[PDB]
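Given next, in structure tokens, is a single chain: the form deposited in one PDB entry.
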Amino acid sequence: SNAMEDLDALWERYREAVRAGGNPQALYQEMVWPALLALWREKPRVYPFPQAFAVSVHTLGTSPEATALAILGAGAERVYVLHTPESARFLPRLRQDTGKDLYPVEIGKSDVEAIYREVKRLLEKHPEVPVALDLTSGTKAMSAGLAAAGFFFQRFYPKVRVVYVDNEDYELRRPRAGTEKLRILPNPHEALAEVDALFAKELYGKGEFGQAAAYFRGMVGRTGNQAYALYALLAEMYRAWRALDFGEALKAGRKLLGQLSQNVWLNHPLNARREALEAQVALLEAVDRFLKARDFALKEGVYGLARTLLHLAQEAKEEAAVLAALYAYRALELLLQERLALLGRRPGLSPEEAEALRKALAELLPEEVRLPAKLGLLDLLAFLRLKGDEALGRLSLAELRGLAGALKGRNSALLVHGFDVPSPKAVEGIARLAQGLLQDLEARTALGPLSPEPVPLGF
């Protein structure tokens, strides 16, 4: 590699020329710079891994040489030079040492805002190709602004990379001739493994449990730390729980508690809220078992199911009305059914009862109106309240008559058997009624801490 060799020889000759005592600036300009330029012309030195760039953008200040090296090292077809007004005079020489067509763009020395604007415009212009942002030359504000722009815009233009010419200083108070290397400045997200936890925590606070679980699981692979696995389990539980997959939720929670039990994890932050987690997993057990059993005697399973549905209805209430009404309807139906289970039957209708019920329903809304084989929602209200039901007897008639409209419409909704779009006031009425019943049932149940919200992550 002769160019490299005759260059090292020129560096030692330079050493002796400055040891003799000449002004080393001109001795560098004549002795060294054309051989270094030659070395980078023939074979650009890039690290850590070689890359192809379609576009390169370069801040420019006092030192044209390093920018020339950076242009040659990125090897882009299209080249932009973000330069201060003073350094425009350097652009012909920059054009000559480099042999590229340059696109100059003038920027004030303190104008960081303009750096941001120029990067944004340039990425809108080149949105699908690898782009190199070279911060080597310029004021601290220009270079830091370019790096900050690159890393920020990587979120929307993932082929952007930030680069710079790393020079190592080695008597001769100057970088050694052949040691400069074009490097990629690593993104802080890339370079810090554990910061994924921050992202995960953020996503956990907003209830996006699946994505938080993904961040935790991948962090296990990257950093090799198994504590995050536990966090993953937790998020997955809350995902399966919110998805009404109670079996998957219970499985994940049991695995999590079994991990929290080992001595190796006694100091895991999740052990600080261990009581609440055991209460929640207990809820999951009760619900899973009640789903298998369909027995309305197990009050705790009915409670967990209904409460989960009501939580989902309240979360859907503003942006997904039809969904919300579906959830709320199933909750209220379950709760009324447990009320009936307090009595004898699930169908046990005597004719004195059937007649008295036609009376009750008729007086509510015409006694000719007929009653179906399985009891409706308002049907169920009338049968239970007709039997003086404590929480259903407390009902106000003003509310009752306005609910009556919503209660007939349960199977008639878009997502069950009909085409109704729900009236939001009807959704709120169903939800409020369901909530009062949920509270009465909660009173006659054996409950843990009763913590609705997911557990705080502890870090």
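Residue numbers count along the first chain shown, from 1. Between two forms, the rigid core is defined as the largest C-alpha subset superposing within 1.5 Å. What changes on going to the form deposited in another entry:
- In this overlay on the rigid core, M31 has a C-alpha that sits 2 Å or more away from its partner position between the two forms.
- When two forms of a protein are overlaid on their rigid core, residues whose CA moves 2 Å or more are considered shifted, and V165 is one of them between the two forms.
- With the core superposed, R19 shows a C-alpha displacement of at least 2 Å between the two forms.
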Given for the second form:
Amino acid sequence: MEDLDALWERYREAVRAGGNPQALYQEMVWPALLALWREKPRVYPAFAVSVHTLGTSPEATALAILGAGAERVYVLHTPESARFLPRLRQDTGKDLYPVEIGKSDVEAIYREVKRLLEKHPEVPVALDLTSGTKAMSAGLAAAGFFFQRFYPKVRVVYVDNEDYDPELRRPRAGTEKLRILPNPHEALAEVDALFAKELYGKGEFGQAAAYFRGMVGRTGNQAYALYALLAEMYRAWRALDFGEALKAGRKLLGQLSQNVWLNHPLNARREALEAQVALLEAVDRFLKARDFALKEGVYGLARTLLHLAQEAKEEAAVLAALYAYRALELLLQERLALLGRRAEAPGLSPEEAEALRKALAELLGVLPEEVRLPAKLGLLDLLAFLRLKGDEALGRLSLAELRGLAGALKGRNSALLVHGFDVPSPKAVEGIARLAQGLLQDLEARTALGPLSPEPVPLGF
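Which structure goes with the form deposited in another entry, now that we have seen the form deposited in one PDB entry?
What follows is just the one chain, with no partners and no other molecules.
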């Protein structure tokens, strides 16, 4: 090695004397450097296959072949650099499997890497980008980091070096070292936040929380524990577990009020978070009481259900119907509470029951004698009853709209996930959600929560 450092200087001074650079490199330097790499590869801390781009200088590639020490060696060369395959054979002693590519045909690099990984799918593979055009090297690296998703044993490698002489177009002999170029997730920790943020923006709150919690496990940065709490709060809220959501939100607000978290980015949104936690509190209170005097909790629950129905409208129509039916039922029951009455025991007088059978018969296209009122008012019975009692919000419904909704309202309990086998049309679910929305805006005006959305607050990064 100090032999190598001494003859490097001998070479340098011979070049300053007028000796040719390439010739004296081949004669004085390269045999000793090559012998060193044969005996002892300068390799950072397993490869079964190595794949090497090949440009106009074969020496870097010879070193990378010896450093990876793979049994199977592929060489991605161009029509122009094919001339160097004999030298590669004689310097490495390896069988070469050559693949010709254009020097900036990045797609072909991608395709050849695909083909090779499919040929060697479960062994460690080194992708050496040292030699070639920037297009070849960058294409090989890009292909490697892309395919690690599906071929995790792939590694991108590089003959790093120290004293690159721009005149000599070579580094100082003996400073070369083969090493692994890390992928961005491996290299830069904060990029995990990006994955978490993406999942959060998709409504995948449980996975987002898992990512944030794993980041605290990786780096110890407790700022991401607060983000995990937030994602956990939304996970629980979207799953209708208002107790767990309230607990997570209260923990989060408590943490954000500590001096150490004063500049956490979620504090830029504190009021929004406080309002959402107030909503969760109100819903928790209403769920415990089951009493429709608690207007804020009725609003919070119906708002949550209508938002869930809107999100399920495309991918989950059966659930969308269920959410929309429950929201409308809650809102109609709150209207009945405006009259002091309860749907499970409305206390209909004989005159009221007769009038209700007549109105239901007109809506259902039957005779009043065919209408049988259950002990607990069904959804359509409740709507008809409120109209009979002069409810101002339901009185505004046209007869055409109500006739259009009558089939869907009548079949509330006949839904597949309640007691029957039916799925109403998406158009009817749309009409049920529209009716519910109008009742919700009436209630929203009468509640201390004001208008509030379940949409998540922006993360602030």
